[PDB]
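In structure tokens, one chain follows: the form deposited without the DNA.
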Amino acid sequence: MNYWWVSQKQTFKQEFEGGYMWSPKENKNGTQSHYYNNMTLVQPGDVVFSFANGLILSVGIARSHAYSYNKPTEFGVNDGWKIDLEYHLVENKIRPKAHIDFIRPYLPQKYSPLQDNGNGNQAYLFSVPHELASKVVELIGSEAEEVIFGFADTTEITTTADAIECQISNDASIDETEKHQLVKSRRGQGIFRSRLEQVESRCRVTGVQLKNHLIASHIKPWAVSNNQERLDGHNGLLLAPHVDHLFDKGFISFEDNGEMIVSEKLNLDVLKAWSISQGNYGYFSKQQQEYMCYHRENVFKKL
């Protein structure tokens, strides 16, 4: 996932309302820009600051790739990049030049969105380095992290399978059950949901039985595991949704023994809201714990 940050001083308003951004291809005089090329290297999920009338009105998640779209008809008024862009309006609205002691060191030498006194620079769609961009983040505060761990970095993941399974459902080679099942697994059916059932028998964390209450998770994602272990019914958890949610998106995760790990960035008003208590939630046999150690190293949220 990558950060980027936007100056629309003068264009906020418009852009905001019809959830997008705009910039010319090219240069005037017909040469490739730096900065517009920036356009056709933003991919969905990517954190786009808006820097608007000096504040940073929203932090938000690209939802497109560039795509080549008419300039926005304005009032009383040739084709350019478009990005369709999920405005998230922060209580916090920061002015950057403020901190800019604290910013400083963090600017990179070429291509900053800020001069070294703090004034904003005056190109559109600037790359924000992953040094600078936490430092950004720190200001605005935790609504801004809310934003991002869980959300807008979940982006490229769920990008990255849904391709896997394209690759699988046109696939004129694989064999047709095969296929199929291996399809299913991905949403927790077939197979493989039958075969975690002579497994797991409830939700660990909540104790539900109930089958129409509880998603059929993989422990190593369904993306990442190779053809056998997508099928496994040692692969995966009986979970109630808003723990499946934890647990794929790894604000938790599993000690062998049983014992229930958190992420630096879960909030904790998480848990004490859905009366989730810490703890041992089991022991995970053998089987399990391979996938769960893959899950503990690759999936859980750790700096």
The other form holds:
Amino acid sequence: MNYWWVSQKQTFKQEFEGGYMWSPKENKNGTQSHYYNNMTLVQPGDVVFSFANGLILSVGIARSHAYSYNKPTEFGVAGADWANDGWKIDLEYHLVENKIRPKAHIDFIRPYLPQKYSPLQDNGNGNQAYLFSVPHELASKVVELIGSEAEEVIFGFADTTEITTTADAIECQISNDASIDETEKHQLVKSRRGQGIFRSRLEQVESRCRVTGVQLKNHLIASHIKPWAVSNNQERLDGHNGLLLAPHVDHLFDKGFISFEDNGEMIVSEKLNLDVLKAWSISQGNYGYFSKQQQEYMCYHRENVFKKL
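Same protein, different condition: the form deposited without the DNA was shown, now please give the form deposited with the DNA bound.
What follows is just the one chain, with no partners and no other molecules.
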């Protein structure tokens, strides 16, 4: 996942109200722009800080690649000098209550500014250009200054999108793989959604939500332990590579906010706000031993899915 800084002093209200970013493809004289070319590098799930009137106003999530699109008519005189031939990105804005003024924090962030194409000068004044790459270390400082609301956009939210993209591509690969028969293809695709033979096989091993004890089939998700995306075709259909979980517990486990020790002890991520467990009446403690086959997968989950600092 990549971080971006979009400078929107001229058109913030229009871009926010429309849920987009927009730049020309080229400078007015037809020359290439590093900044406009950055539009073609943004991936769905990338985090974009909106900078306008000296403040960071939004921690946004990109929801498209750049697509060819005309300059928004609603820019009017404020956009007069930009070429009509442009790039648009659908940007899911998340307004923040703590609107940080980066210039007021320049001593803190200066060491983390990139050598080339920095959104800020060393005195903390913004550079006049549209879209800048933000190194991960600079992004972590900005997130520290904004506070919880910035973390809430990223962890188990923005950073899940690239995982979904990867899984979508694998589903396409399976659908086109000549080495596997039609039934296999169907069962592998259905297992991604906790359906088909995977669910029936999991029901031979597990009978209830580990955490909430609910036994009712219509209130339980068939979750993989080792994620579907990184599982081989045998592991994708293995009844021992799963848990039946209530939907909120599936959410916490699938994203790595929680995991389990082999003896069933719940492990809570530093990235899980403990107010969530209080609000949903989920206790820390022991949720029963896992089988040796389940333990192999749960080891993968602890080492690769569980969120650690």
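Numbering follows the first chain given and starts at 1. C-alpha atoms forming the largest set that superposes within 1.5 Å between two forms make up the rigid core.
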After the core is superposed, which of these residues, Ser142, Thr160, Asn119, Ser169, moves its CA 2 Å or more between these two forms?
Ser169
Cα displacement of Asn257 between these two forms reaching 2 Å, rigid core superposed:
no
Would you tell me if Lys28 moves between these two forms by 2 Å or more at its C-alpha, with the rigid core held superposed?
yes
